[PDB]
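Asker: Letter by letter, the chains look like this.
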Amino acid sequence: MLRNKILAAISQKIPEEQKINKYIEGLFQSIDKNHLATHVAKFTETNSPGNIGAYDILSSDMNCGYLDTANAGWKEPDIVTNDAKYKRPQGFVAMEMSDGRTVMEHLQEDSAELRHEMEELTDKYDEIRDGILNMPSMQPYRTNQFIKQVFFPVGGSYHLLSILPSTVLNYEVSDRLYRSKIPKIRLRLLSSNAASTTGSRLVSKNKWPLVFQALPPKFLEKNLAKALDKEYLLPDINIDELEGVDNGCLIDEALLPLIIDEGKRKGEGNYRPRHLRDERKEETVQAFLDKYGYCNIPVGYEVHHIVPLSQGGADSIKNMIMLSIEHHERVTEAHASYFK
Amino acid sequence: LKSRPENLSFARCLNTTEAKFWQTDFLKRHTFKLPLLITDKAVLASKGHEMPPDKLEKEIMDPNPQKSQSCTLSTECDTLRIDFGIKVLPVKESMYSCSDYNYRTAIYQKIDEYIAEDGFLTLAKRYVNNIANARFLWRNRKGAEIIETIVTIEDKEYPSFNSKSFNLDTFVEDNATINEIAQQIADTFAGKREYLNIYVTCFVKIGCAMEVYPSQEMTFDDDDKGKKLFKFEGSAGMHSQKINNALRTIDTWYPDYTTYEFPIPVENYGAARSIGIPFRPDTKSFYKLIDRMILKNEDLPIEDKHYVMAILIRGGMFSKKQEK
Amino acid sequence: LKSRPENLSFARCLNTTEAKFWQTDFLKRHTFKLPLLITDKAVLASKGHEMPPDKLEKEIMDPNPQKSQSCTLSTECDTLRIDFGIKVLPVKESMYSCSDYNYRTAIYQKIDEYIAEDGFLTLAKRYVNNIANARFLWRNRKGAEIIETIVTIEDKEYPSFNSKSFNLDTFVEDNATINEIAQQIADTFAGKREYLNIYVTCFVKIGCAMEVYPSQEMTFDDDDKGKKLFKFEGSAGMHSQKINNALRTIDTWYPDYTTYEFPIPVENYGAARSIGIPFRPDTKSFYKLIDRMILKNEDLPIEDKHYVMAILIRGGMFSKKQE
Amino acid sequence: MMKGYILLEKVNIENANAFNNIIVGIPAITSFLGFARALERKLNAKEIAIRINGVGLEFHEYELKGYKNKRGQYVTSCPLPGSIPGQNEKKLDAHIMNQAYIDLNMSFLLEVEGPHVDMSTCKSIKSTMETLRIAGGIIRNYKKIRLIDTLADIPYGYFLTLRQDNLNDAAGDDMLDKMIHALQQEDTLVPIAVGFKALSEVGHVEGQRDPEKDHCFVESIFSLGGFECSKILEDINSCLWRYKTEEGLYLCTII
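Chains as they are written, first to last, in the deposited numbering: chain J, 1 to 340; chain I, 12 to 335; chain H, 12 to 334; chain A, 1 to 255.
The hints are simulated quantities; they were obtained by calculation from the structure and are not laboratory data.
Short derived list, chain J residues pointing at chain I, Cβ under 10 Å:
| hint | residue |
| --- | --- |
| 1 | 49 |
| 2 | 142 |
| 3 | 258 |
| 4 | 272 |
DSSO-like, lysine-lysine: derived pairs with alpha carbons at most 30 Å apart:
| hint | chain 1 | residue 1 | chain 2 | residue 2 |
| --- | --- | --- | --- | --- |
| 5 | I | 236 | J | 205 |
| 6 | H | 203 | I | 153 |
| 7 | A | 68 | J | 222 |
Derived list of chain J stretches under chain A, where covered just means 3 residues or more per stretch with a C-beta under 8 Å from a C-beta of chain A:
| hint | stretch |
| --- | --- |
| 8 | 61 to 71 |
| 9 | 183 to 195 |
| 10 | 205 to 216 |
Ideal placement from N, C-alpha and C gives every residue a C-beta, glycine not left out.
Produce the entire structure from the sequences given, and follow the hints as far as they go.
Answerer: Here is the structure:
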């Protein structure tokens, strides 16, 4: 019944025998182009020229505290070609016969039942089986601008590292998470044509994988309230580093435009009501004269916060500077005129 | 020198953050602001799309349930507020990868010749002009009553603008604030500084309970094709690449400019996603222009140098054609 | 010009906002207003739907619990107040996306020809007529004693209307306030202005503790089962597109109009769900009409120009299947 | 040659690369270590002559670029692709590759070695810090830079610590089954890429970014991790990620 599947795989106006022969010609022409791999390139970017893979077949350490390829329970190596034109054998390897068995199990075991179809339809089956059983592996020759390259410090020097993905590990993760209860992320964004042009067969079979979710705990997500409350405001100008501050005594009148500009440009659009407003406590004021070396408030001088408390000011030591009895009124009137 | 290096890669010299949307009243725009939220919406429409005659005669009068999202003002505010920021980085230090060495030396020498010749003032003026006329509002600019834009650099507050008076087609090179800001931008592009930080706040008056248009996200899902709007920490906003596209719409030097007469953004081939036809197909593309600038070392008119520097400001992957 | 552009699209030139519901008294309607909230409700009905006889023989007398919502006036307020607004934008500066430049130039030329020919007066008059007769009340129009509607532009408050006297089948052209407002609307549509803002407030008298009918939300299979009403800022209200469907019920130029003799909302294919009969299937469809206006450059009667401009006011996705 | 600690407090990063081979979410620790090494190189180009020993990460806020589904899962977004170099440069619409982006509000604890470490180093690091990207994400703002010694002056947050013991003693025939069983029985651990394998022989290759360095292919390896509060930390040296190179291994470890 394989002849019906072969005829269905061809969509043309030619008769039955020519529709059969096109499949055989395509197979006989495209055996040599295809290869087998586990870490093929062109998965992170379809524009990478050529075919680059690794085909790592090693032992499972099972004692190291990490995960890689030939360390998980993957069983099927990936089949990848260089061009989507030579993709016919990658669909030929996934064909269903009478009962529930793929053509691999009849292929490397030399089952005669499959041999009936491939010896009655045509006579090239032995060479095709020889070509597809022992199959050329990858050597990751050359690199392009699309493969990610990074620098890693090795001792006193640096090493250039070229990163390649893992198709088989991705497929295994996809199915294992499919039959599980882990949160997971689907991540369906790959088109069918892009998956076809990637060149492999696992991505064609599974274009939308299943991905581990690696996120911080649930109470760390940004939401409306966390951005809404935020925190109080402090000036970017430190009193001790300015000229004419007299350790807490403004003298020069040229600082007044700077003070009112710093008050206006920082408190703009940050009004909050008295319910959300900060409280001007007494120990924060007193600690200022304690640190600066004063026992009591100087005569003719008052405490004025550079950032207004009505516009989200902070009740911290770094928020006010003492000013003259007149300049306090001037700053207050200017701020009242600007806001209200 | 024969060709471009196998691995050449720059960065973006004008980084922009994601905008945020706030609503307030115009008379009290300098005091308080309120959050703007995005609501869901369901509609029942008809089959208005074009159909083949059999499908049309079958489904002519069927209902159509659809899902969408919408953002709108309240009944007590009539002003939308947008706050964001820009970071400017030097061009010479913006190159991230160059496999060849002589090509890097030639690039540095040509950039030195350009800064000694002009000094990045023209592109800075054009960028601050695209800032001043509020081109980044996109669909929010239509139907506006008053558009006010202010610019803050470090700790100095520049006088406010008025984007309504500015034309969206010409360019102004005599505004004092424009030249003052463009001087700092050209200095930061030059390399005299090390970075620049600009803070932009825009007020637009559209009326009470009107509609705003935040960025629409690109998503793929099963059994859900509705419109999804960009939420930024709960509030609405705009994508960084949406704002960056509006800023770099300064290219008025493409062929047949005197016919169409509108500026376009700067791409490698001069292609904008509103005409469907590239304005610089083969003979004015960036690749051959930078080939003739570097490999042949042939001098070019100042317009081509402006276009090449504008491409270099945006950044990309200007490597040679890769081989297998 | 051989075909339509592959990315042709339009915006809408009549932006309508959500309505809000208030309740007050008719003798004090200029002094105070009160919010109108939506209340939950649960009912115990009977299995009254049509059933096969086998099920009918076994569960004819079963109860049926159901959930719903209702919005009614209080016992001391008899007047329903509806507030909303419209923003008007120029037609020429509303074409969102288009690939071919020649198509844009042709569209601009045809729009300029229509502006110089008619001046957007007919459609503006019909829109302010649909505003005047209070078609947007929908089910709230039935059984009302006094319905009044005022229109405010900037600060000029125009004299009140009386929508009861206005028939819902004919369009008048001689009202002073209607023509005065339609003049500004036509000027904004043509491009002589750049934007217009109009605010509409409607008072409906129905009686104490009566029922109002806000818009009903649409729910899918995954959502909870039951009737859900539309809430806007806590109070009840109406959808923007529900109001916009009533405003654009101006199409009286379809074929077989004399047989039925009533306007229909301006649709692409002329479909009307009130009577369930399509009215512009093939010949007078918008797709076929605009293919003769632009591609063939064939002049049309003024009725087709009216319908085409009315469609272009609404806007939509007039794309093409990649020719 | 004094050794202290430098805290970069409350750095906001947007559009950081949140994708791996089979991991979506928290970026690889190699990105943060590379950011630290790039900062060290940029400082040493300014004649500061100091080196970084260990990096500690403190997560405060995070957000995934996308939206939560009605059922509860996340669906991610992506920017509209521009002009991909190579074939179809002139095409108006380009192909779409797998990508994910994240938003972080994170603090960094750094251990330094060098002469006269004082506030001048803080001023220099403030001047030179606003020029780099964290895992490909642009830095929007930052609270401050502080010089600290003990664990008392530490803001509230959660540190990422390597926990390979839970992965080791899990039940399962192979490593992936052990990982999924450990994640099944414990709902707090998360999988993070930690380093790189080799699967290749070193040498010189054509087309590299810099054709002078030793080139070798790699593959990201994945392990487990967890979160714990600041006050629960015993010693300040326990949460300090550092490099570890071996014959064919390029990993990062908490030890």
